[PDB]
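Undergrad: Residues per chain are reported as follows:
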Amino acid sequence: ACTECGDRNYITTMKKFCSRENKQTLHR
Amino acid sequence: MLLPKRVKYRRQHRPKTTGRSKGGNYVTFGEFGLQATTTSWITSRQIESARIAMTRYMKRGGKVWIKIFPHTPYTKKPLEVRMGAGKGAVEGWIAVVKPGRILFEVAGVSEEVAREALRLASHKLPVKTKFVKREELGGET
Amino acid sequence: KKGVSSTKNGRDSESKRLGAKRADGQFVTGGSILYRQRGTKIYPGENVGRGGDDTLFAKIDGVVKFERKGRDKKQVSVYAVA
RNA sequence: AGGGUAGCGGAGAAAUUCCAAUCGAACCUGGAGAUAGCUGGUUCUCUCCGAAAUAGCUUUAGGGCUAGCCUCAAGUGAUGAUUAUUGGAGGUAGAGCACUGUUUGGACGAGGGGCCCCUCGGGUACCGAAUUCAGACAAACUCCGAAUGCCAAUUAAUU
RNA sequence: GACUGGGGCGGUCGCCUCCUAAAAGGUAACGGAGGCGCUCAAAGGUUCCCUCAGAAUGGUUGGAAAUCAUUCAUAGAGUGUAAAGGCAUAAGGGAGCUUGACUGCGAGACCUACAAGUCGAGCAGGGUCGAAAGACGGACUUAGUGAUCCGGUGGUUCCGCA
RNA sequence: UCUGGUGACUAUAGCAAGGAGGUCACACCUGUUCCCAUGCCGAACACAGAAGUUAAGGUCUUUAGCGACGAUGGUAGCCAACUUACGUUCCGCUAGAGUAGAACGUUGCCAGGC
Ligand SMILES: [Mg+2]
Ligand SMILES: [Mg+2]
Ligand SMILES: [Mg+2]
Ligand SMILES: [Mg+2]
Ligand SMILES: [O]
Ligand SMILES: [O]
Ligand SMILES: [O]
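Chains as they are written, first to last, in the entry's author numbering: chain 5, 8 to 20, 32 to 46; chain P, 1 to 141; chain Z, 12 to 93.
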């Protein structure tokens, strides 16, 4: 998830850019 | 038939060598030695037989060497087959002989008994031969 | 006879088309490859950048020149087009 | 003799046998000029040019598609080819043992095993590795390394 | 179902590395050797620091196997993983801090029939390490994979049969 | 070109051995109060000092024992051509490796002391 509140997940079986406020954030 | 002379393989299949030409390989150990001269290569079985001969006819002990060893296999596959499928199993080992190697060498005896035993060898190999004395290399540095 | 019974080793189409792709005395453009390789079979010199498979290129135009460094390992070095 | 059963069927003491001389499912017409990556056949002269039998993918290998290789008409415009000269990447032939691994005979000492003496040691054929002298082997070993070819030249001659 | 040294049974069908491969590349065979259908929140990034296996000898654990101890030791070690290539300023081994395993792009080159693949300086946004220059768009390199159609989940400067 | 710092050059530089010198270089060196730092340790790094010394490191001289370089000559191989089917031969280009000879105890640039 994100705290820009939009799913971005490069994972499978954290203070970083997300392109809605130009910031870097948790996700998650 | 018989393959006493053998080693660790490292690999059991190999593209052959087939001989073209060379000279060289003088005598360094003994005095008298046999020079292979011509068209063939060899298996171990043959060499063993030649050694039996060369050990019998010389009593008085009398020293022998074999300057070469078969480092190479000789593959040959089941009887009455169609060609194609994977390269075959092992039957033999090989010591190639260009013209100029010096298979057998001896010392401790005179000039004659050597020469006889070497006749009695060269009848028991493919290659034509030649009798040699150790008097000179072609280099001493 | 036929069939009986073996490997089939052999995985025989395995290609990547390496090598060299320019030569000495050859004008060349920025971003252009000179020489693919692996490891450092050639090192870079000046006006060069390397990549995530040990490729080589030229960051800037010029003229290709290979060289020797230490009796073993070479290097490539663009120098300025006059 | 007179009658019946009719084919996605009938009858069959059963053999896949008979069903108008034919039966692993009759016969005629119509769909129907069915389909065929297969064979076979394709009609009048000259002139100019001129191949291929390969790569890849293909429920594909005797077919196909694309790229190759040809032809024609425009366009480009000396860019192409051969040679000379310089430079250059790789590591074959060959040679070699410096790594890998193989090998022969020496030197061997580091030292052991028993049989035996001692009884603390002597150990008297075989040996590992220790260190080395010399001689050899290799597509999947290389301290090295040719000829040829390959790539470019604000280079020159021919075409 | 195709290959298929008649066909069948057997074996294989994709991808990575080598050799055969003829000193560029490419180059087949039911030719010869090995693997892969992942793993990591650190084994990544970055700033600092360091250099191993083996050998000799003395010493508890005495295959001189365990840690020690210096000396010799040009890489014979180790390199997440299979082999070739590569590395000692390190690409290996440890410590601090972080998390570039970012966004939008991309001239220009390779490769190739196509579809796909590969590499990429450089611009801008906004950041981590570092004093600063500078470095960072995953892992020393390459394999760790699957068109399209269809269905699903989330979002939105879209359309929505007057 | 005496010393020192920093650059370039295929180890012809090196490696082994021995001789000589230091308070102007540098080093050993005294110590750990502060900077800071050692996974144990001021050994290392670092800071503060300059008690002693040329022993070591490092510098200079000489050695060719080891390693790297290394021609010339001729050999193997091979491009082209003629014969030939001969584990081919003859002729014309080219030209290894190994090896002997010999070379080698570095060479130059910039600054600053001198
Ligand atoms: Mg009947
Ligand atoms: Mg018809
Ligand atoms: Mg076509
Ligand atoms: Mg050879
Ligand atoms: O027909
Ligand atoms: O037809
Ligand atoms: O037909």
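There's no promise every hint is true.
Derived DSS-like pairs: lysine-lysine, alpha-carbon spacing no greater than 25 Å straight-line [as the list claims (entries may be wrong)]:
hint, chain 1, residue 1, chain 2, residue 2
1, P, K76, P, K133
2, P, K16, Z, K19
3, Z, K85, P, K87
4, Z, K12, P, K16
5, P, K76, Z, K12
6, Z, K85, Z, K32
7, Z, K85, P, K76
Label pairs and their in silico Cβ distance ranges [stated by the list, open to error]:
hint, chain 1, residue 1, chain 2, residue 2, range
8, P, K77, Z, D23, 20 to 28 Å
9, 5, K34, Z, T66, 47 to 55 Å
10, P, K76, Z, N20, 40 to 48 Å
Hints listed in this document are in silico derivations from the structure and should not be mistaken for laboratory results. We treat Cβ as the ideally placed atom computed from N, Cα and C, and that holds for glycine.
Undergrad: Could you run down the list of hints and mark each one as holding or not?
TA: Hint-by-hint comparison with the structure:
| no. | hint | result |
| --- | --- | --- |
| 1 | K76 (chain P) with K133 (chain P) | 39 Å, violated |
| 2 | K16 (chain P) with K19 (chain Z) | 21 Å, holds |
| 3 | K85 (chain Z) with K87 (chain P) | 42 Å, violated |
| 4 | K12 (chain Z) with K16 (chain P) | 24 Å, holds |
| 5 | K76 (chain P) with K12 (chain Z) | 14 Å, holds |
| 6 | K85 (chain Z) with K32 (chain Z) | 17 Å, holds |
| 7 | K85 (chain Z) with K76 (chain P) | 47 Å, violated |
| 8 | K77 (chain P) with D23 (chain Z): 20 to 28 Å | 22 Å, holds |
| 9 | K34 (chain 5) with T66 (chain Z): 47 to 55 Å | 29 Å, violated |
| 10 | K76 (chain P) with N20 (chain Z): 40 to 48 Å | 20 Å, violated |
In summary, the numbered hints that this structure violates are 1, 3, 7, 9, 10.
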